[PDB]
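These notes concern the structure reproduced below.
With one protein chain withheld, the remaining protein chains of the complex are depicted in position.
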Amino acid sequence: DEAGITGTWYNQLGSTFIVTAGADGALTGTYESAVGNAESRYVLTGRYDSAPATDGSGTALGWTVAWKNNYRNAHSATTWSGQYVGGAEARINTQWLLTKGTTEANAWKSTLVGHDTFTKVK
Amino acid sequence: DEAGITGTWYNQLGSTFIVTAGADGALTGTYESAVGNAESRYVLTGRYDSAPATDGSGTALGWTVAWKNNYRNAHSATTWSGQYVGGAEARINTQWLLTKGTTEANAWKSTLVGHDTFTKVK
Amino acid sequence: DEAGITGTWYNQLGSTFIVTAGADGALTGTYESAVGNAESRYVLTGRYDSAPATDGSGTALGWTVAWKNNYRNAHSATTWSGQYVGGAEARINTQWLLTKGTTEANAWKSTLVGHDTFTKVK
Partner (left out) sequence: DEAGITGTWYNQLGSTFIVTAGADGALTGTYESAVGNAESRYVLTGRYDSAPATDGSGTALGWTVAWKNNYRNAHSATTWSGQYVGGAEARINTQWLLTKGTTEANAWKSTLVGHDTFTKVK
């Protein structure tokens, strides 16, 4: 699904996920969040299953953004874990974990959890 | 925390996380899981906050492993999201999401969640 | 939101959530899952914020089902954590954790995570 995954994707929040899937299982690109302490593009890297099952199952993948770029630093990182589902209306369905750097006293509230669905349109 | 993070880490399960932190915020290395449908090393990539807060807060980071290598393919990917906490007994405290490729009918049970703590010894 | 929450709700999977919100913050009712190792209704109990903010924010709530009834026992429990959002198309948006009873060796894979959205129609 190298060609299926490679390109520009948009989630329900209007964030933009620009990704290249490599033959070797690599994901590289940029992420622009429509929400939160973020502006412009941030580097992302990740991995995907480059030899998925042929039984109609989705293709497992994940990637990370650390929320530091030349404009801002939100001292946090989000990882999206999900699967790519091919077809006429292709989707990447994910769950994510956003961890902020905290003191030990505040570590219990370090991590947000959510879910993003990415499509090729929007 | 380039030097602080770079090296070999072990979690509570006895898994081995070998990572290089780049000056640019990159994480690269390999992961060997002591449990599950895995053998030998798997490629990982991720990101960390290369300019963390100086108020005693941890350093946010995350990384991904897709569970395909030359030995096995478990048609799944795990993302760890966490923070590095420096000091005499340095730790990387994480939460993770493991997504398996599934049919649409089974998508509701696609994702496991857990928590791993990594230390420099063990 | 006692009256707002009380009633029959359906999620994206076609599961049926029948709930009574008490004046005291209690949730009681039954859950019928359209998927998984389940049949018929299971007891649920939970809590909601009975004096929510008046700034347009949702109403926080949660509930638990242990997957044992007179028909089956799936040796597991799901907790839904979310908020009720009132209005013409009322919704309860949730994230959930499903823990299975496991041996210590398998504890790392004990917990599934997902997200369900409940509406008054469907």
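As written, the chains take the letters A, B and C, and residue 1 is the first residue of each chain.
In this text, contacts are C-beta pairs under 8 Å (C-beta built on N, C-alpha and C of every residue); 3 or more make two chains touch, one makes a residue touch a chain.
A.B. asks: Among the chains present, which touch the one that was left out?
C.D. replies: A, B, C
A.B. asks: Which candidate, C:18, C:35, C:85 or C:90, sits in contact with the chain we can't see?
C.D. replies: C:85
A.B. asks: Using the touch definition from the top, which of B:41, B:109 or B:115 touches the missing chain?
C.D. replies: The missing chain is touched by B:115.
A.B. asks: Touching the absent chain: which residues on chain A qualify?
C.D. replies: Against the missing chain, chain A presents residues 13, 35-36, 97, 105, 108-114.
A.B. asks: Can you list where chain C touches the absent chain?
C.D. replies: Contact residues on chain C toward the absent chain are 24-27, 43-53, 55-68, 73, 75-83, 85, 93-104, 107, 110-111.
A.B. asks: May I ask you to list the residues on chain B that touch the chain which is not drawn?
C.D. replies: The list for chain B reads 95, 113-115.
Keep this in mind: only the chains that are shown with their structure count from here on.
A.B. asks: Centroid of chain A to centroid of chain B, CA atoms only: how many Å?
C.D. replies: The mean C-alpha positions of chain A and chain B differ by 16 Å.
A.B. asks: Roughly how many whole angstrom separate the Cα centroids of chain B and chain C?
C.D. replies: The separation of the two C-alpha centroids amounts to 31 Å.
A.B. asks: Which positions in chain B are in touch with at least two other chains?
C.D. replies: 97, 110-111
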